[PDB]
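Let's start with one chain on its own, the form deposited without 2-fluoro-ATP, as structure tokens.
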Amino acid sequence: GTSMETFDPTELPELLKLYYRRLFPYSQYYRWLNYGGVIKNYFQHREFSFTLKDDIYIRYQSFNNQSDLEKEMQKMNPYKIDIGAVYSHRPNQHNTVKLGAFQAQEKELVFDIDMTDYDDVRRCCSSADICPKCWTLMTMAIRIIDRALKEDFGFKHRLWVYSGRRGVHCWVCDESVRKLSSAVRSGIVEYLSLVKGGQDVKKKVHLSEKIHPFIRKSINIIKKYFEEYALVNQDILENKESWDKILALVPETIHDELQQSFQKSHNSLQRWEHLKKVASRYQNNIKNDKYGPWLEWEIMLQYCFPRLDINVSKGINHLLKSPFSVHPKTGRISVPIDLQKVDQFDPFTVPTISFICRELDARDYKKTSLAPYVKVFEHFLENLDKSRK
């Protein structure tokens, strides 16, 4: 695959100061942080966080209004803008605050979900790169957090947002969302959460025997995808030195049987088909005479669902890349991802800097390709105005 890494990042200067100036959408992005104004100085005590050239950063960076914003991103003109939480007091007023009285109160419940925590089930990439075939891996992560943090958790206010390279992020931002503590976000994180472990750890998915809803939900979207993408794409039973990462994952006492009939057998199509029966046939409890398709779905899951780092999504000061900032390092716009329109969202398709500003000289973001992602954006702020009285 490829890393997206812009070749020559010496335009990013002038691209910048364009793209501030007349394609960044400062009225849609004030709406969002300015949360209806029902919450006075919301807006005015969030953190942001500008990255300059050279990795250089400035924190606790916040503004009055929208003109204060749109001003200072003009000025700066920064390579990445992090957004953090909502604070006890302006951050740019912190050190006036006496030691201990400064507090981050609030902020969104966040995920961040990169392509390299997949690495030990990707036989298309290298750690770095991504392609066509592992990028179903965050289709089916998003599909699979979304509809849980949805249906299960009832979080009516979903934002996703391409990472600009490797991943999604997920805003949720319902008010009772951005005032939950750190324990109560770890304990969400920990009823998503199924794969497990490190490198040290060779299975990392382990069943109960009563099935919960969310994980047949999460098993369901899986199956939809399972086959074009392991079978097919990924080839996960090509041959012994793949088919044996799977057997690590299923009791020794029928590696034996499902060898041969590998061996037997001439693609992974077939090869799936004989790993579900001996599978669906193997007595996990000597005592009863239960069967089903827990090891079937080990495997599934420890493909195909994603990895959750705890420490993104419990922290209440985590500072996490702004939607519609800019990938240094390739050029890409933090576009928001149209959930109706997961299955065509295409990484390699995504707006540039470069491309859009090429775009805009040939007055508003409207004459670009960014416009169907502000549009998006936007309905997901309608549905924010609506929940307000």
Second form
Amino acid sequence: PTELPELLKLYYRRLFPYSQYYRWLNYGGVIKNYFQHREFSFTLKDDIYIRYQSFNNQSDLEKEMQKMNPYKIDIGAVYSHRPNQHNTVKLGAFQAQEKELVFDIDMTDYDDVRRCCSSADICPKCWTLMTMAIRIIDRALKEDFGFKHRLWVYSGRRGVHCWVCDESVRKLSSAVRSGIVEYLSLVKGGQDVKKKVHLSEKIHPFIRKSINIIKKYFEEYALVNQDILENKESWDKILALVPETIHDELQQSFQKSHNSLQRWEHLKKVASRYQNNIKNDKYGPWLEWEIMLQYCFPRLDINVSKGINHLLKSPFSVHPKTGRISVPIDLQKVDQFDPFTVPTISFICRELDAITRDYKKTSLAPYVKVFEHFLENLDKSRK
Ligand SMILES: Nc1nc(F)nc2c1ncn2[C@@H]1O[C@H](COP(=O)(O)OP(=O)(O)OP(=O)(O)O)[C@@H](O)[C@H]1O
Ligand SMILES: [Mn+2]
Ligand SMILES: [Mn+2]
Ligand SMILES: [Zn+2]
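Would you generate the structure of this protein in the form solved in complex with 2-fluoro-ATP, following the form deposited without 2-fluoro-ATP above?
Full complex below, order starting with the chain above.
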């Protein structure tokens, strides 16, 4: 933690991709003061941070970042006035006006359905939860909502971010943002609630398409890697999600089966035979779906998405607790993404001078290229 200042100084002098970063947040320069009215928040040493920083142009930003060498950089909203002048604005008039629609997913929120890790830990046996979250959420944002400019980022420790940047998305009210979150949400309830997913008789297309994404991964992820029906301590958590009247039958089949793969097939058969409503003679896989969703469906840090003023860690910021760079994720290679290959600031600083001095000589290069593909699409969109 004491090595960081020396490494941050080199990173901000030679490696941070300022020209791409400004191309992003200047959004083509079409709207007056759009970059100059952006809030940045810097974290310095000792968990000290400063709100309502703002800059005139790219050179101003470079100069201040290289003077302050912040441990962490957060991006906030675009305001009605220059954030660094907000004390000169008559009270009430200083207001957030626009910001990307953002999402923050934390693997810690899955601890009740992860067996390998807890707290801020992640590993390859649970990272597939993030793979499924990206695929489910991105499909909905692209296909259901028609949002065209979506930047997915590794947060540097325990999950992923998404920045939705279409010009009309950036104008969305907090009320509408909340509505989008609710559309995307299915897992509800704190630690007091055992069963967190309840489906209606007729499933909405968003739910069907999300289930079908999970189905591609569920065997390798849940039955093999997580081994969720390995033994009675594991399979009891799953029985807590179905009606008691079928526990006995499932108990006996689980003990007569040899592995989670076999026990899952038995659960599906029993669940599709359970009579929910005694009026009708209607049967279905609702229970099977609710279990798969509770174990695999994205769990959003909702408050991050709902408020237009909310800060979020910048892409290409360091995560001070791991040293990892928050790098963009290539959507065409999301299944290949390894968070343990993500370069730390120490690692790329070593590369930079190991035997011109910019990021192209380091492992950061491919991540900047993903960023540039996203910036090019934004440029095309503005023609
Ligand atoms: N006290 C705080 N005051 C303010 F104003 N913003 C905060 C605070 N704390 C966090 N924020 C922002 O809320 C994002 C998500 O908070 P969080 O999920 O823990 O962090 P990260 O996703 O970046 O990193 P991971 O460890 O999860 O991988 C962060 O980026 C920050 O912009
Ligand atoms: Mn997070
Ligand atoms: Mn969070
Ligand atoms: Zn794990």
